[PDB]
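As a starting point, one isolated chain is supplied in structure tokens, in the form deposited without this ligand.
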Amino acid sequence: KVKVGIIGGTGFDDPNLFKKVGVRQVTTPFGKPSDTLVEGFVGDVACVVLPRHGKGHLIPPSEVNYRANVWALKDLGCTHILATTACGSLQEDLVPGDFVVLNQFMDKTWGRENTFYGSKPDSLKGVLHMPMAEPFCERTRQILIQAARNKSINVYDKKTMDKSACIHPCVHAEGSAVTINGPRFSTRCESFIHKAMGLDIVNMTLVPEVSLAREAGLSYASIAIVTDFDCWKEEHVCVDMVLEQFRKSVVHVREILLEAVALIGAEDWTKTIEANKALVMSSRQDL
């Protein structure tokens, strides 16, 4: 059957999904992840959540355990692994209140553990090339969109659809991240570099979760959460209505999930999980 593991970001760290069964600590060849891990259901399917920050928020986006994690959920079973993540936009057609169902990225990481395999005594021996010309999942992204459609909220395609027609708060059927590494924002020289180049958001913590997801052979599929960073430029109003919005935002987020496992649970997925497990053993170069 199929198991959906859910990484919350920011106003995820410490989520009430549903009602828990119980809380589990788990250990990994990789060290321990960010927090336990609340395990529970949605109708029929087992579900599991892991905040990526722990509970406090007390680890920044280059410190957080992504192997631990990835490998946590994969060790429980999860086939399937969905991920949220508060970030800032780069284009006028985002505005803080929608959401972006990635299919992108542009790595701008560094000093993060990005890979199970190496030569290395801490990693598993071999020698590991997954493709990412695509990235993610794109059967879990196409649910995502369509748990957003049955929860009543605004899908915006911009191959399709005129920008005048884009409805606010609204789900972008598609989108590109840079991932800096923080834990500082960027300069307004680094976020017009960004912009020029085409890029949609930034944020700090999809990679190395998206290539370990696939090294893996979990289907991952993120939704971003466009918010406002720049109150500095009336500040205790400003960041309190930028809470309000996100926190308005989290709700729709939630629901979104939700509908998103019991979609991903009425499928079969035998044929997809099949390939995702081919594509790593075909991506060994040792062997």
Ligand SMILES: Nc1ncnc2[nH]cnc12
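Positions refer to the first chain, counted from 1. Rigid core: the largest C-alpha set superposing within 1.5 Å between the two forms. Compared with the form solved in complex with this ligand:
- With the core held fixed by superposition, the comparison between the two forms singles out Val242 as the only member of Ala262, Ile59, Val26, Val242 whose CA moves by at least 2 angstroms.
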The other form holds:
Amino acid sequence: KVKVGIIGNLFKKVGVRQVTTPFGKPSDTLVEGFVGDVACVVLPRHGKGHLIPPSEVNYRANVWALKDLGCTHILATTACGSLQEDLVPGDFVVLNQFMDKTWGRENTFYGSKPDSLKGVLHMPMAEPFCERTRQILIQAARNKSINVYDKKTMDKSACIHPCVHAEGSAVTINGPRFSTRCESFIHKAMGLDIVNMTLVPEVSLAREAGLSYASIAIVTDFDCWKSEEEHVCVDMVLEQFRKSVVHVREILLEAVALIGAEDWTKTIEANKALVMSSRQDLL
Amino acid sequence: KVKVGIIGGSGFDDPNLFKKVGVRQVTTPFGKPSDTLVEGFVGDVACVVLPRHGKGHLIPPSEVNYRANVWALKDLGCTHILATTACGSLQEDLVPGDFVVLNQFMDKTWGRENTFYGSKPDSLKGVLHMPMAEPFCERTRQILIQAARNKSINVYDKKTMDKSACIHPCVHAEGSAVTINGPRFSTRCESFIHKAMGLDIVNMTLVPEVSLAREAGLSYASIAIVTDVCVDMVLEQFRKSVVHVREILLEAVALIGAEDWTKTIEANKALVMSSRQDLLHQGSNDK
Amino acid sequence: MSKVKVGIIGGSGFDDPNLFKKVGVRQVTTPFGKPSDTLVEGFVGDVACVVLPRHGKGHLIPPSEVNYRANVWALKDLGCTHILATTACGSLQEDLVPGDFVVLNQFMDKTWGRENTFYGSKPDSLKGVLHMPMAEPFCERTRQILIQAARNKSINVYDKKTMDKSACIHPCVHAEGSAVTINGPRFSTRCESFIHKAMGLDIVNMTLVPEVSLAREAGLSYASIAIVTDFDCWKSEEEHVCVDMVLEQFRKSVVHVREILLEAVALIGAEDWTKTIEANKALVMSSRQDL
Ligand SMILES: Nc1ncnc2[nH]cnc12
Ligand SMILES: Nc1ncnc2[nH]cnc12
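Alternate state requested, the form solved in complex with this ligand (shown: the form deposited without this ligand):
The complete assembly is shown below, putting the previous chain first.
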């Protein structure tokens, strides 16, 4: 059976749970419940009161806690800034790629220090998300009558907002500061679609844990490559986030049902075997 | 009332900008500053100087306690920080002996304490996401440029002037730095990639200094010195550049003192508060 | 004093190489901690040589946790003047095919969190501020010795500066090349791979930096021979990199790497290095900004 963790009326809440992990405590307690008959657990990435900044989030504990609770999938959300004209505030992005600019975060479960699992794990990350789970997020958006924009098969002038972009690349910066204009334009020239602070190493550790992970990013701003009145700040992010979170909730809850309506035996076994085959110390 | 802090880089390890009236041997909640802070006056404008690398230049860029240096200057009541940095050029018109009043940067540093705020017990509580689109105090940048004009140094602004007005040595009116972690210099491969990205100079010390100054509600501006048989000529050129930057700094302090900064300082403090994500969540009863 | 002694740092596929008969096995410590493993001393011909596996005996130390400082300092303390190093890597360019080698001459550094200098202001480092030039970061004489060693072992050499593309005959040793060194342990995304390719980098690896930098800080002549084991992940899904792909290709190429390394040690031994060693030491002293 499947069980979907969510990192961030139609959700039946059962109770709240405190867990510990080999890598420390998660960001907060976890809300356990059900969507129809599918078990679901919800974890706030930045803790109660949003007091934990992106660089200090215990990604290892959060992903491992969901694994230890039996999660087979993780669906994740984050706010983000758009680097490109056709991704506008109020849009969503089902990411398929990233460029990592984070540092100083614990980004793997394995190593040679006592606080990590024994071994050397070199995971392939060419296409770093679970593709089946990406397509479920996109289909959930269709089921909730939210427009879907596929730049491979459509083009500008077919882009109807607010829309879910069917693909996109994120640069993840370490934070806590936002980017300079110089950095924003450099990331844009690299062809990246959005900028955020929390995707990495969350996505990497989910694959190390044998979990199917997909992210849907909420565009809250144009970073700072446009006009001065459109340069990102916290108030701007929060104002748009508050307008978009109801759509993102509808997508996520619809996707949990769609996951539970399919068989995942082979995908799960594939996930686990990918971890085993990536052990350099064992091979 | 204003008080100008000065962080002197290479060439300023033992600055003699004014007669020492007093010294402050202090620590901060974030550890020890690079050296004793030296107090005095430029005219009737109060000034505080500290050498980024300490006397004797014993502290490398990645080990400088940027948090403690900014905090210590804030603790003494500084409203402004003027900083110097010796840099290498990435573009043909930035020539050794030139200066740059930076307005942009690309950050390639890591492993440095770059914020006062967070969830660690020794951090200030709260989550601060500061805007950095234009990361310097613009009023203070223009003071540095005006100080150079007032001391008879060429100023070149590529936005309004053809490359024929680029007369060396000159202060470039704008420019971007890539800040690398050091201590090693860049490979040729790295230098050419930075050049292809359009960056003007390379240094090791701008970040997180500029970021922490904004977190502290201070007006910060930086003046870079472009520094690169020839070694003897490079060194003498650098000495002349340091004499020029000394003139610019002293004139800039006087120019800052000649104006009212009440509203700018209030805006500096208001920007910090508006960047507190944890407080803005609360103002709307979020979650 | 004109005595030469060649250290060898063995990467993946070199966890236990038989380059020579062991004379001494050295368990040492350094001011920067323990090296990756014991150091094996011996002779190749008349040339003294020291071998160290980068990842330890059972390949238990990931790239980001290797004590590069201790490895380089231990070799220096045993009297090495030179370090020859191997690394497995992925290709970012069509003319660099699995089974080729690359005598690197450039790099782009994307590592973090590693101790990358012997010098600093804290008690656990040597006293001083050392700013080493790195524009051409390898020892050029030692690079050319690796390239000559391949010629002497009848292994094709392809020099893009002087030869036409038609003279790129595989398997070959590329006479120049740039590496991007990523921190690991994960491999790159397709997005990252295409960005690195667009910057013009030739290969991707995890272990060159800070090893090459610390060697120069130590006054040692360092050169690297990279073994192409894969096309990273910018090509078809059947050529996307993974551990098994890396190991399988390496087993095939290790034989020729050993021949190059042993011939290179002999070629170093056949020349006088007095002025180059003096210049290596003088570059360290002139890069001290506290003095
Ligand atoms: N512009 C931006 N940069 C980084 N993280 C963000 N989160 C929301 N907007 C962002
Ligand atoms: N593609 C690759 N990336 C990083 N390190 C590697 N080692 C071998 N192949 C590699």
